[PDB]
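In structure tokens, one chain follows: the form deposited with thymidine-5'-phosphate bound.
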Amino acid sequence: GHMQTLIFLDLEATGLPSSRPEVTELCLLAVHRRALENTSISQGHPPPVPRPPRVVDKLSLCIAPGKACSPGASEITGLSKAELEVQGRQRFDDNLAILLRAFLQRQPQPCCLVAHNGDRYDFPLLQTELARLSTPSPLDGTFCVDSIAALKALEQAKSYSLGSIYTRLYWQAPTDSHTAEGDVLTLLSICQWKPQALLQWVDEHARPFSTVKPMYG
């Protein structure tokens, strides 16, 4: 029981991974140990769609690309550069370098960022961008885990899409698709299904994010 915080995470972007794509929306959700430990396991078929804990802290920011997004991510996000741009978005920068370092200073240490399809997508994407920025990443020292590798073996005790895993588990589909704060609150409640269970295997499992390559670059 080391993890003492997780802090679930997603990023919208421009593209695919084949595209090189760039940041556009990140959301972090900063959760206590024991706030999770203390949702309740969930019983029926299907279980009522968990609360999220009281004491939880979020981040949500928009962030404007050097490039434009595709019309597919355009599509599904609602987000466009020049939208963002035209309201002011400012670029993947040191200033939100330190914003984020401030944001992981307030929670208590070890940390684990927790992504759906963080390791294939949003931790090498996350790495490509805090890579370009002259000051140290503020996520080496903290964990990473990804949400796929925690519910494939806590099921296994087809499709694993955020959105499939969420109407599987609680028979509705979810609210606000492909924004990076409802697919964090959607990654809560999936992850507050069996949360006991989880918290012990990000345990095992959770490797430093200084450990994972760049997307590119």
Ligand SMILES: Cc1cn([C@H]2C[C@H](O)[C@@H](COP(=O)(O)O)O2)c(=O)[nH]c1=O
Given for the second form:
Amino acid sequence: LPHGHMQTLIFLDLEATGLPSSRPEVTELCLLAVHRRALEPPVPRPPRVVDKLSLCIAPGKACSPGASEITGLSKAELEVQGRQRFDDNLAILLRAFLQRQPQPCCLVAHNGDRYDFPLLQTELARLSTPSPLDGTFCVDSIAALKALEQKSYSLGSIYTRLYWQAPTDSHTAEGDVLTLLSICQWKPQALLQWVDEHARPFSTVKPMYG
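Complement to the form deposited with thymidine-5'-phosphate bound: the form solved without thymidine-5'-phosphate:
One chain, no partners, no other molecules: that is all that follows.
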């Protein structure tokens, strides 16, 4: 194994203002931390023991029509609800939340490699403080499920393919994280093996934009 056995999997989803060339900004973030042991067909229930963090974040630029349509969030409404920007205080919060998880820790996000990870890297890079994620590992769950399954690889398509019922989470970062968790609990042992074999340092994720 490249980096030992992952002790925590943190299921992650970011929602944002638009697609990568638009130089988007995060508008919502959910982390759901699960211990390796809590992982080790009826849709699986989440483990009893989990840590969860879900935050709405005011962006500096407007959401695109499509972004607002899909995420149900807009810059205007985030500001009327007094949401703060992606800022130093947020980094304090993330660092403390990460500190409570046993290490090595691995982020897991659907399409993380092409979207969530580089965007997170970019948001954290503009802060004065070093990234709270520099000791953390990551994997993309699209690749994971492609390997476990050997077809659409959208989140809902996978879920329905495995469980033969429609997904029932909200259209939110947390809803997407919960659906992802369910999918990852389909073959938990095999998923953990794939994660262990394929985990890579978040510090090697290239920022989406600079």
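Throughout, rigid core stands for the largest set of C-alpha atoms superposing within 1.5 Å between the two forms. Numbering follows the first chain given and starts at 1.
Relative to the superposed rigid core, the position of the CA of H178 differs between these two forms by 2 Å or more.
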